[PDB]
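Engineer: Given next are the chains, with one letter for each unit.
Number of protein chains: 4
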Amino acid sequence: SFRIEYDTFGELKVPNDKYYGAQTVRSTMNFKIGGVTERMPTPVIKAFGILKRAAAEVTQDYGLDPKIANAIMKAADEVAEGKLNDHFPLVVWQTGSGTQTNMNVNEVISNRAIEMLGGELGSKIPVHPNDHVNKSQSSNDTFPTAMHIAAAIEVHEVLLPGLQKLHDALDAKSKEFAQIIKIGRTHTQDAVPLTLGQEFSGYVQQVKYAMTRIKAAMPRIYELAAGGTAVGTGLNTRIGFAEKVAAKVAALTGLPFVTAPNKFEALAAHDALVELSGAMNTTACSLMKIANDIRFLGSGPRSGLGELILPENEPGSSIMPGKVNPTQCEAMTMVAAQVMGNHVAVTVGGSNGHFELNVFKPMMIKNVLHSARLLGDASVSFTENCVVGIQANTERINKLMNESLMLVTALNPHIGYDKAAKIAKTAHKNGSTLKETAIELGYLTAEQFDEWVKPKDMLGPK
Amino acid sequence: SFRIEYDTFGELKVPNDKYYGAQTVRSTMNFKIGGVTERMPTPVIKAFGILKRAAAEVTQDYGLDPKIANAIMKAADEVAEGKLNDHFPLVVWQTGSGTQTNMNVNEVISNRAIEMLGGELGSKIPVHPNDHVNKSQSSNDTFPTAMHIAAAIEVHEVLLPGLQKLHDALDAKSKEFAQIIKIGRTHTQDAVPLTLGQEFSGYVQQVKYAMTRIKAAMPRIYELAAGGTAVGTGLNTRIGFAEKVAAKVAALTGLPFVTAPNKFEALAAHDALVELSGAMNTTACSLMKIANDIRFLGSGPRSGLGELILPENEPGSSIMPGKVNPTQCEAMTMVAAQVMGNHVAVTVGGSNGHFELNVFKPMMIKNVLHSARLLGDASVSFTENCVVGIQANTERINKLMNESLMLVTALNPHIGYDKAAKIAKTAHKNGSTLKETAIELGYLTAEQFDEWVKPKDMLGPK
Amino acid sequence: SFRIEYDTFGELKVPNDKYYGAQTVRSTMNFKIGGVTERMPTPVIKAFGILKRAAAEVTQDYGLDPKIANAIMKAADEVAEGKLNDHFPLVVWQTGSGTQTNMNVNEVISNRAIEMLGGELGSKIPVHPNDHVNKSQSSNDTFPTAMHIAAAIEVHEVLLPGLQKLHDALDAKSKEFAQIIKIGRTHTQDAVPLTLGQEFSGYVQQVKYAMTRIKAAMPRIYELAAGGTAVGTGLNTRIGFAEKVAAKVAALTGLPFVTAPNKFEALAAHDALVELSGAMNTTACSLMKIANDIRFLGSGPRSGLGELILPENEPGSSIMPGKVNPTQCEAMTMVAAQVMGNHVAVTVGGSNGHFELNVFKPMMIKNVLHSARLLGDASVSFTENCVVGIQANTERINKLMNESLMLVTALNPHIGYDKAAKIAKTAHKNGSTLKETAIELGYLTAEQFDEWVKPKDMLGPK
Amino acid sequence: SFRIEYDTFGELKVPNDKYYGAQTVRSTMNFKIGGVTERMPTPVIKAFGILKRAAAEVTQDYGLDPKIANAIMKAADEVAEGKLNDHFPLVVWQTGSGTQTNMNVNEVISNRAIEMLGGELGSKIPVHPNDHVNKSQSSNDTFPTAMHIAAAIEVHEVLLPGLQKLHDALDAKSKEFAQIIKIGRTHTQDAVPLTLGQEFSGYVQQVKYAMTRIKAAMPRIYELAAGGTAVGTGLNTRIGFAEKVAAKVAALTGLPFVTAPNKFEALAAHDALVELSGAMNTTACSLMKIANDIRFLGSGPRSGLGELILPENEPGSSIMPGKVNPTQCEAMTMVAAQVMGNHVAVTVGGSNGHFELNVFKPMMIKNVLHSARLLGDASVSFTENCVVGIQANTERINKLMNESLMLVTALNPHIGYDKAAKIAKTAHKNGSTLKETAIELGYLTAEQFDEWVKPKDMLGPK
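For the record, the sequence lines run as chains A, B, C and D. Each residue of the first sequence is one higher than the one before, counting from 49 in full-length UniProt numbering. Each residue of the second sequence is one higher than the one before, counting from 49 in full-length UniProt numbering. Each residue of the third sequence is one higher than the one before, counting from 49 in full-length UniProt numbering. Each residue of the fourth sequence is one higher than the one before, counting from 49 in full-length UniProt numbering.
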């Protein structure tokens, strides 16, 4: 079943079980680009719910009937709470201001509010999509507001909590591995030792700094454009509206949202999203290093490095013992690469503003939310299904410590540099160890080697 | 209702109305990254259907029971034809080889084939996911095969047909506008004239070259990895299998698919996808120019350039006549920016292969298919909802031709350079036209101006 | 005219008039990639001079002879001061750790110090390149230190000062234009009014936030790797060296350098350079918008927007009055594009660390310094040669204000929406002004139009 | 030591020993962005010399005095031959059309030709920079021509020859290693065997396809804009000039240059440079994989993979036998990252054309030439200083083959899967070899293992 609505181009059938109206149906026909995977991110829709709630509450002061305003606030809450996601079928690839989604939100909130008040759907009575739900608003300043509400909420609920879990798990392994001495690798060549915990402490620092970098990129995300209306002047709205809407959004979300000090910078550009994307771009570089390292450190069982034993996430064959594919490392490094491409997409859009309005908004916030969700989700997955279950192959690590040529410099003050190079060059030529060689040349006894060559003493300055 | 299946980690409930098995259910739990918008692109799933059809038909030669092989072929066809899309819930962000989706396809095809043969779902009887559906195959060589089948089909059915429509529509407008002389713009400054059709012929050429560039990037997309098995050697398969599978895929699709001459290059890298993405990256640069030009040429109605009258796609207010937002230009330019970011994502993944296997496959093909779909769909939308309806504002174009200072050089051979600069500098100072100025200074009569100053003669070399 | 020096691989001719030695000559033979334009950036060389000056003063505590330490310090000062630039022929495309430039610096300082002490160039007497100039230092922790010193100096001396000049000049113009009312543009379509000062105040905010973002990306640039030695443990350096050399660098530069609290994160990755590049990538988006807007606002003289008169710095043609190509806008927007590409280069390198050492260091700092130099210099050139001299074309702005159809809404309270719309639709049809039209229809008097239509009242909330 | 020249803005001191004139000096004052490393690439300057040589010979048909044309041609030849490089001080960051370098070339050629004719430098007598050297040319269609000439020459002289050397050296090693069997790596985990020759044959295919991709991106580079004049119409040039100058360039260079069939597409965009950059971006992905693989395959000597012995070009430490940093791999992988960033820079510029002229030309060709030079030079250096000298560590490969758990499947037909798996799980547990284990359990004899386990039979289909 369907109802009949009209726009300036013709009549449109609107499904009776849908709260959107003719303007949304027209948008689904004029913007058939990409399919359902391209739908406007739900976080933006929910952020509009919060936003329309705050606006309706403020415009009450300016005459808006409380019976209507309260119905708008109730319907807005349902959008914010994810109760009406099925009534937003529009894709990212619409107008660059996000007008169609703003209209989508206005139509859904009015028809739902109309229903709450016993009215007829599609009639704009008593709740009018533009005169009431969009009162004192514009697509140009509401969509940017929704972008920053959505990004802030995603950062604080998904991105940062995910990185925190990865940080804590990496820190636990650093402490767990504090006593395991292994051979370092510089240029991928054997190098002087360090503890597996020291190496992991570097990953911990990178994730710690990743969270600091994301937080340092949030202050200007908290600035809201609501109040600039069409070009940033605030024409057709009341003094104090901008500040009151921001304070209301801050109270509803619990986050320190504020009104943008300059609404022209807030409409004509989205450099804060470029900034936030850049912090996630750095995070991706950090997580690419961490994941690839763990990937190669777990390589083996015999023709790789074999320092780490990663948990199984795929069925391991009985005839292939010890073989574990680093599946989560692969998901994480693919996510990292994706974030890097998304950042360039954000950068191109952020650079192409025209005069009073940047009209790349939907694609910029899509890429920002995409990266934040992937990094957060991937961090959790990488933590629970890999990091927490990493074990050290101490037997193989200690074996390659005894077989390494790197510890020969510990003999320098006892038998001389030249005699040390002879042990090194000889063991290298013969393929044996340093101790077996040093003994068979008569340079020292086995008990002298054990006393002179101590890797535990090669882990810091003196 | 659900059935019980097991993997090496525990028992799993499998919905009875689903054809996938325990391995897929385990993948949905171990790879909760991004949500439903991150599901493996349907074109890859359908390409697996084609692929599993071709393999089952070839392995018949190697003993596979025809009753089983025919059931696999029937089930494979249903996947290829899009009849079973609801049985593939896995996201791009899985293992870098695409193993989980290969398992997803093998489970769905066996359970469906089992159903066709009157067996019990989840039993692997008589159709075994690995021994029968995955016979002589590996995730390492089947997923690359599916990537290239999907990319080729998308290029030929979506991308190129969309660009062809945009090309034809731009060509029609070039011919329609062949006689409309306007002022050129270099550095955005007024310049010598050219026809609106000449300017549009440049857009036509860019789209024509875009199609040539995409086609020139397809020869190596037609190379299929099927037959390299785990590392490219073709271990555990029969001589001629690689060629027969490729010829079968070519026959099923109607496209010139061939087996990759070097299976190690086909598994260890995906430089063909980087190549194809680069051609779409060029296309995006072309379409960014075309769309932004049309955007600015339609700016107005009075404080812009106002050369073009774009069709309305949003409701136009009665009190705002002549104001038309270039909505499709904004969708197209956002798509262009997205393609540029996707290309970088493809580039990072394509560069990070390790030894015998590049394990960034799902994210690379996702970004490739994303760009191809968006460019194709956006081309159609931009054509039908903007280009075909563009009109020239001949009145405003001709008015600015009479008011332009650029045509003064046509007077050079008649009244001298110095006398021409006087008319120019005077009209510029006074804000009048060249004809009104040239007359009031007594340099020539109105009938001499009309005869000497002819823009139709300023459109080519002499 | 050469001297003969020796390394382990044989004989090498060194020009008598160069201070570098055999190792540098060896490096020039094995890394002939790109030519002179690819030489290691001078700021990196100067930063090395600061570092070697700092180390030499600190290592006197370890027995370094004061007479030699004093000569090393004097020669290091000459390097830091840009006096020995012709003695560094190595390209960026060398060892990924920068070891060879470290050896280049050690040899130049050693031979210059030898010269000051009356010794023979190339003898290593009395100043040894490794035992004295490289004392307590590693071939892995010195280059990361140098590039952070160089990055910090370039930010504070070039990048921020350049952005500060641009901020101030834009702010002065924002005030000079605070009363010039123009027609706003959204989607490039005519929109409600705003002043040039308001529009320019958005540019000012963008530059102010750019400087904030760059400063917010510096805290981890000030962390120095010096002391981590080969793999980050500090093996074979002295306790307290790390903190002492960093404090000496801070005192020599007046910048808050400190030792890196985790040397493994400091050697294995350069996320700080990625962070700083990201800040400059956001800045480039801001400058692209500003420069491109001023570009189009100055378009004309007659077939463009024509709101701004940009300074003419290059030669015009007397026959072309009014035609000024915005060449400073082109240099700026080209620089912005370069910074965006540079950022991807930095991102790829930063993502590809391996275990204990990221070996993409030279190319990472090269792109960071390149972007910082271009942004800083372009901001000065754009300021001095364009912004400070921008003039408003008030005569044309006033004409376009009077001819705009946007102000028609001011008549709504006085003659009703229905009648205002009739005026706009008629003015649009006849190509006349709102005032002329509203009078011919007889809906108001000329004195009534001037009293009701006041753009000065349409510039903010009420 | 200066001379005094004059432009419309006053007096300018020109060094007596320079051939450039007032306009060039003016350009050096207004565009002080970046310094000498940012000077216009020399290949662009040489290409201008070819172009001006071609134009001068053709314009004799238009009355150009042969005695002057001959001097222009001789001076243009000196520019093309790299003999007047010190007379071009302008940076890339100039007018987006490259006009000032065009004037730089016109002044240098004019003053050098004046000198050859016994005239006074700076007098424009008898050789005028614009009336003679720039005859029949525009300030907009000359730079696009020059940068396509430069791009084509650099591809054919530097890029492809470098890739050809790398292809050939990799192919020779593929054959030298055709019988050395090693353990394959998928996901970095141990996998079924393949030969080093097979693995290397993949690298060979990648380079072969890279050269194909680059050549496939050239056809539209050979299209020259010369003749389109200011906006593409060819106004104020002669019929036949476009086709004649292009054929003269083709004859002078031996490359298939032709006039662009659509001069509007040729001036308004540089999609061909984006296409060519994309080809080099694919090449960079290929070289990253090859260089990084060889990097890790040479990792060791003992705590890495250790399959390859790379040539040692820099100084080792006698105490560190076997430690060879893969420095050529680092220069190559850094170059690859740079090319990827360069491509985004080219992409952003190529996307930002405006109507009749893309004014990002200098930065676009700079990045194209930069990538082509680095790729070509790095391929030669990587070839001569690494690839040709790579040796296989056959002793270690054989040891790791015998210690691998991967070959255990060869025992399946002889003792059954159940028993083979028992051997693998035991060898893995005890850390012993398959042979040792299979004997202690008594499942076979040593002579039986050698007859059944033949890796030479596991290298292809059957």
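Some clues are possibly wrong.
[Said to hold, decoys possible] Coverage of chain A stretches by chain C, computed from C-beta distances (three or more under 8 Å per stretch; other residues unrestricted):
| # | segment |
| --- | --- |
| 1 | 72-86 |
| 2 | 92-102 |
[Claimed, not checked] Only part of the chain D face toward chain B is listed, based on derived beta-carbon distances under 10 Å:
| # | residue |
| --- | --- |
| 3 | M121 |
| 4 | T243 |
| 5 | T281 |
| 6 | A295 |
| 7 | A299 |
| 8 | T301 |
| 9 | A320 |
| 10 | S325 |
| 11 | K477 |
| 12 | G479 |
| 13 | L507 |
Hints listed in this document are in silico derivations from the structure and should not be mistaken for laboratory results. We treat Cβ as the ideally placed atom computed from N, Cα and C, and that holds for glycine.
Engineer: Hint by hint, say whether it matches the structure.
Structural biologist: To see whether the hints hold, each was checked on the structure:
Interface restraint, the segment 72-86 of chain A with chain C: violated (0 residues with C-beta to C-beta distance below 8 Å; minimum three). For the segment 92-102 of chain A, the proposed coverage by chain C is not satisfied: 0 residues have a C-beta within less than 8 Å of a C-beta in that chain, short of the threshold of three. Below 10 Å, beta-carbon pairs count as interface contacts, and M121/D has none with chain B, the closest being about 23 Å; its hint is therefore violated. Interface hint status for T243/D: upheld, as the beta-carbon distance to the closest one in chain B is roughly 9 Å, under 10 Å.
Taking 10 Å as the C-beta cut-off, the interface hint given for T281/D holds, the closest approach to chain B being about 5 Å. Taken as an interface hint, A295/D does not check out: its beta carbon lies about 16 Å from the nearest beta carbon of chain B, beyond 10 Å. Interface restraint check for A299/D: the shortest CB-CB distance to chain B comes to about 22 Å, outside 10 Å, so the restraint is violated. Given the 10 Å rule on beta carbons, the hint for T301/D is violated: about 23 Å separates it from the nearest Cβ of chain B.
Because the beta carbon of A320/D sits about 8 Å from the nearest beta carbon in chain B, less than 10 Å, this interface hint is met. With a least beta-carbon distance of about 8 Å to chain B, the hint placing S325/D at the interface is held under the 10 Å criterion. Proximity of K477/D to chain B is violated relative to the hint, the smallest CB-CB distance being about 19 Å (cut-off 10 Å). Evaluation of the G479/D hint against chain B yields a violated restraint, the C-beta minimum of about 24 Å exceeding 10 Å.
For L507/D, the suggested interface contact is upheld, since its CB lies about 5 Å from the closest CB of chain B, less than 10 Å.
The structure fails to meet hints 1, 2, 3, 6, 7, 8, 11, 12 from the earlier list, while all remaining hints are met.
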